[PDB]
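All chains should be modelled from the sequences, with the hints used to inform the complete structure.
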Amino acid sequence: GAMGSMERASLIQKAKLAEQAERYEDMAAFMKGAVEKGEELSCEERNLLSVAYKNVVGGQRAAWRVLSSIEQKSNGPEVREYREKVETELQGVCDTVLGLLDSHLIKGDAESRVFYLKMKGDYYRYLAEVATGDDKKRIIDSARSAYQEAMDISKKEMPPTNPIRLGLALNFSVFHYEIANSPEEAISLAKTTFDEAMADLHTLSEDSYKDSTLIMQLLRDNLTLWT
Amino acid sequence: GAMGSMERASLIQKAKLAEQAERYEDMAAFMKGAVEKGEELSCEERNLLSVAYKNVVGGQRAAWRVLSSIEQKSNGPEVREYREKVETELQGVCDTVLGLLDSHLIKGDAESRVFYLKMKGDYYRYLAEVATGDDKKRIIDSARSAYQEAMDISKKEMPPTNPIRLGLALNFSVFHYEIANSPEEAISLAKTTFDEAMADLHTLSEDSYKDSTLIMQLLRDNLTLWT
Amino acid sequence: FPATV
Amino acid sequence: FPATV
Ligand SMILES: O=C(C1=C(O)C(=O)N(c2ccccc2O)[C@@H]1c1ccc([N+](=O)[O-])cc1)c1ccccc1
Ligand SMILES: O=C(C1=C(O)C(=O)N(c2ccccc2O)[C@@H]1c1ccc([N+](=O)[O-])cc1)c1ccccc1
Ligand SMILES: [Mg+2]
Ligand SMILES: [Mg+2]
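Residue numbers (the entry's author numbering), protein chains in the order written: chain A, -4 to 70, 78 to 109, 112 to 231; chain A', -4 to 70, 78 to 109, 112 to 231; chain B, 591 to 595; chain B', 591 to 595. A prime marks a further copy of an entry chain.
FYI, nobody ran anything at the bench for these hints, they're computed from the structure.
We treat Cβ as the ideally placed atom computed from N, Cα and C, and that holds for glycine.
One should not assume that every hint holds.
[Said to hold, decoys possible] Simulated restraints, written as ranges between beta carbons of each label pair:
1) A:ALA(-3) - A':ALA203: 54 to 64 Å
2) A:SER209 - A':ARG3: 29 to 39 Å
3) A':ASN185 - A:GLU35: 25 to 35 Å
[What the hints assert, rightly or not] Below 25 Å or equal to it, Euclidean Cα-Cα: the simulated SDA-like pairs (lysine to any residue) are:
4) A':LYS87 - A:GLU182
5) A:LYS87 - A:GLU182
6) A:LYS87 - A':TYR19
7) A:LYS32 - A:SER116
8) A':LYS11 - A:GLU86
[As the list claims (entries may be wrong)] A short, non-exhaustive set of chain A residues, derived as facing chain A' with CB atoms under 7 Å:
9) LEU12
10) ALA16
11) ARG18
12) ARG56
13) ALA58
14) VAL61
15) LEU62
16) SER64
17) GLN67
18) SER69
19) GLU80
20) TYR84
The structure is reproduced here in structure tokens:
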């Protein structure tokens, strides 16, 4: 493809250059070409992939919500039209990632399998944010199943302070509140996740405790805004 | 072209939507299609055009300087390669605007003619920032001539507090310092421009004084960093 | 909006 | 960098 004549190592190098330059579209593109070499990604490579696509899709969601809110207060076809144009681009990026996950990445180490399944649920969540009708809750089921399988693996194979486990549960909680119309389970899981991290705070790791304490603060922040 | 089936008015509407959504690439694209309808642009439309393309090219310049600085401290071809890739995109956007100016916009009212000629010098300046060799100072001459013609019109037909006149002179001063290797004329014109705005401060306008006082502060800021 | 990571 | 507008 676009990047198939480039060495995988150079693609990783340039993904990092693009991150320094805040060229997240380029970053995602280099990382996609790297994934497509057919070898698995290290922890650091996994995170370059997630960062790139999160920035790209994050800016698309921010634009969609602007226009969508304008489109609500307005109720000429121009706002619908343009909202729909951004919506269709957002859907294309989600499909790209979801295809990368099912075609190459998901397949491994437990932290690895949780990571990708949490991404599958996340980008199914972003599609759900803009979908409607029969297509919609087909998406919601897809998101839930990806999240559920990831929760089971992380409870079994990861300590309760692990930042992927914590971050997974923060996002599954948000899925419950904002997507599945169940503030109850959202609050329960957020509080269970925090309480259990504190019960076994001795499991924090030299390499990752800063990350865990941050996600734990975010779990409290979501409970504070939901109470 | 891409937008030729769309009403000019809808294109203006959607340029404004894209600005609210911070989709400056879309904004530039809608404004280009609007320009290409062949009618002149109002003051407000002129500013939608400049804003769009300034954000697009501004992000490209920020990325180029990151990589270029990395490329200097590094003295593998990957940094050169990627710098060159961003460089070539930056050149494409400048050529797009410069072609829009010569093919459609320059052609009118005096504020109008100054506005476009200042853009021609500006985007010739951004090409000069990355050019080399014979191609380079061919660009510098192009920038200077555009700026000079705009200075003459604004001195003759505009008051010294007019924000386009002030902004033009701020940028021509910067052209002298950063591009033409002449800190002398850069400082002179910046100080002349400020002093003359203050001499005739009674000419500030109800509709634009906030803009003039801001550019006047920026003129002082550049003198402060150049002294 | 609530926080995600 | 110096200021431009
Ligand atoms: O920037 C952040 C991270 C990285 O740079 C990185 O290597 N992390 C990491 C730490 C331990 C094990 C595996 C890992 O990947 C971080 C990370 C943590 C959770 C999630 N998540 O999606 O749940 C993704 C990445 C970061 C992002 C959000 C809150 C705190 C920190
Ligand atoms: O946002 C800014 C502006 C607008 O929204 C706008 O309508 N202006 C305007 C005011 C009077 C006459 C004609 C005009 O176009 C502003 C403007 C002023 C100078 C320049 N320049 O390039 O020199 C471009 C636009 C703005 C940008 C920079 C510093 C202050 C203000
Ligand atoms: Mg990080
Ligand atoms: Mg403005």
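Hints, verified against the model:
1. The given range of 54 to 64 Å is respected by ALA(-3) (chain A) and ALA203 (chain A'), whose C-beta atoms sit roughly 58 Å from each other.
2. With their beta carbons about 60 Å apart, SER209 (chain A) and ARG3 (chain A') fall outside the hinted range of 29 to 39 Å.
3. Checked against the hint of 25 to 35 Å, the pair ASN185 (chain A') and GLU35 (chain A) fails, with Cβ atoms roughly 52 Å apart.
4. This hinted pair does not check out: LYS87 (chain A') and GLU182 (chain A) have alpha carbons roughly 41 Å apart, beyond 25 Å.
5. The suggested pairing of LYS87 (chain A) with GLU182 (chain A) holds, with an alpha-carbon distance near 24 Å, which does not exceed 25 Å.
6. With a C-alpha separation of about 14 Å, the suggested pair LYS87 (chain A) and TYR19 (chain A') falls inside the 25 Å cut-off, and the hint holds.
7. At most 25 Å may separate the alpha-carbon atoms for a hinted pair to count; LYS32 (chain A) and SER116 (chain A) meet this at roughly 18 Å.
8. As the CA atoms of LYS11 (chain A') and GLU86 (chain A) are separated by approximately 16 Å, the hinted pair is consistent with the 25 Å bound.
9. Of the supplied interface hints, the one on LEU12 (chain A) holds, with its beta-carbon coming within about 5 Å of a beta-carbon of chain A', less than 7 Å.
10. At its closest, the beta carbon of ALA16 (chain A) sits 4 Å from a beta carbon of chain A'; the interface hint therefore holds under the 7 Å criterion.
11. Hint status for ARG18 (chain A): holds, given a least beta-carbon distance of 5 Å to chain A', under 7 Å.
12. Taking 7 Å as the C-beta contact cut-off toward chain A', the hint placing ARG56 (chain A) at the interface is violated, the least distance being around 11 Å.
13. Taking 7 Å as the C-beta cut-off, the interface hint given for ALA58 (chain A) holds, the closest approach to chain A' being about 4 Å.
14. Because the beta carbon of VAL61 (chain A) sits about 4 Å from the nearest beta carbon in chain A', less than 7 Å, this interface hint is met.
15. About 6 Å separates the beta-carbon of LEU62 (chain A) from the nearest beta-carbon of chain A', less than 7 Å, and the hint is met.
16. Checking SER64 (chain A) against chain A': minimum C-beta separation of about 10 Å lies over 7 Å; hint violated.
17. At a threshold of 7 Å, the smallest CB-CB gap from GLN67 (chain A) to chain A' is about 14 Å, leaving the interface hint violated.
18. Restraint check, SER69 (chain A) versus chain A': the minimum CB separation of about 11 Å is more than 7 Å; hint violated.
19. Taken as an interface hint, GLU80 (chain A) checks out: its beta carbon lies about 5 Å from the nearest beta carbon of chain A', inside 7 Å.
20. Interface hint at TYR84 (chain A): satisfied, since its Cβ lies 5 Å from the closest Cβ of chain A', which is below the 7 Å cut-off.
Figure legend: structure checked against the earlier numbered hints; hints not met, in rising order: 2, 3, 4, 12, 16, 17, 18.
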